[PDB]
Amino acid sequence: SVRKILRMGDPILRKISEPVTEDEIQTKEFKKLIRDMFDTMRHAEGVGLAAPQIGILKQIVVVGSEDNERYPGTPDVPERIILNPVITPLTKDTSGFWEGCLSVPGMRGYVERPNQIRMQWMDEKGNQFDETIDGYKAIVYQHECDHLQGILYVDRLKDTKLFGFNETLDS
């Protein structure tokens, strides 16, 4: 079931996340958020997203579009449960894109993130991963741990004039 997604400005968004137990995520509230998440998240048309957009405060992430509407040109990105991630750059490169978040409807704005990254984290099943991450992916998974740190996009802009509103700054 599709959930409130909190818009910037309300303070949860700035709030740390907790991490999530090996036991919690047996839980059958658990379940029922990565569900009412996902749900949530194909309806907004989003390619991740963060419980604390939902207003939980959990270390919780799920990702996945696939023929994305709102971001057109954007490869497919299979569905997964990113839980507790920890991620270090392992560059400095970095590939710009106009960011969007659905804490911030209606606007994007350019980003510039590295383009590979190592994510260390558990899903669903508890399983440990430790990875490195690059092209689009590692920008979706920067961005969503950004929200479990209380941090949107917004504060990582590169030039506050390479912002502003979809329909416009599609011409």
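Under this definition, the rigid core comprises the largest set of C-alpha atoms superposing within 1.5 Å between the forms. Residue numbers count along the first chain shown, from 1. What changes on going to the form deposited in another entry:
- Comparing C-alpha positions between the two forms after a rigid core fit, one residue in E66, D123, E45, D39 moves 2 angstroms or more. It is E66.
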Second form
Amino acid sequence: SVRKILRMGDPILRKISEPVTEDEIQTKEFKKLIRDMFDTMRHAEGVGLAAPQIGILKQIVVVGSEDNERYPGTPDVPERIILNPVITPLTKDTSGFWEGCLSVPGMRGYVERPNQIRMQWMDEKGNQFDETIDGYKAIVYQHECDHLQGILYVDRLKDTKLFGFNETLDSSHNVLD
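I have the form deposited in one PDB entry already, so could you send the form deposited in another entry?
FYI, this one's just the chain on its own, none of its partners or other molecules.
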């Protein structure tokens, strides 16, 4: 089921999420939350969603873009469940990106995050991962994990001048679209 996505200003979005116990990843409550998170993320046309965004303060993140692998210019993100993630930047190098957030509807801002990170996490099967992530996925993962620390991208804007409403930003900076 699609759940309500909390918007910026809601204190929950700024709380710290607690780790998920392996003793709860097989429960129906967890499986339901996961399904609900994917429904919500997809219905909202997002590429990622963190549990706190729907009011659950647990270190649970679902990501996934659909049909972007063969779509030029639009990076894909394989669907997956990310639990108890821990990210460590591997570089000072950053890639700027006009990020948006389901909890900050109608806006976007320029954010520069390390373009190479180390992420440790567990999936819904209890599998443990420790990989080097880069590019787009690196941005998405950091964005998502920030949520688990009560951090929104507006907290990381490169400059408040590079921030605004989608339609205003679109109509003020045109391209051959």
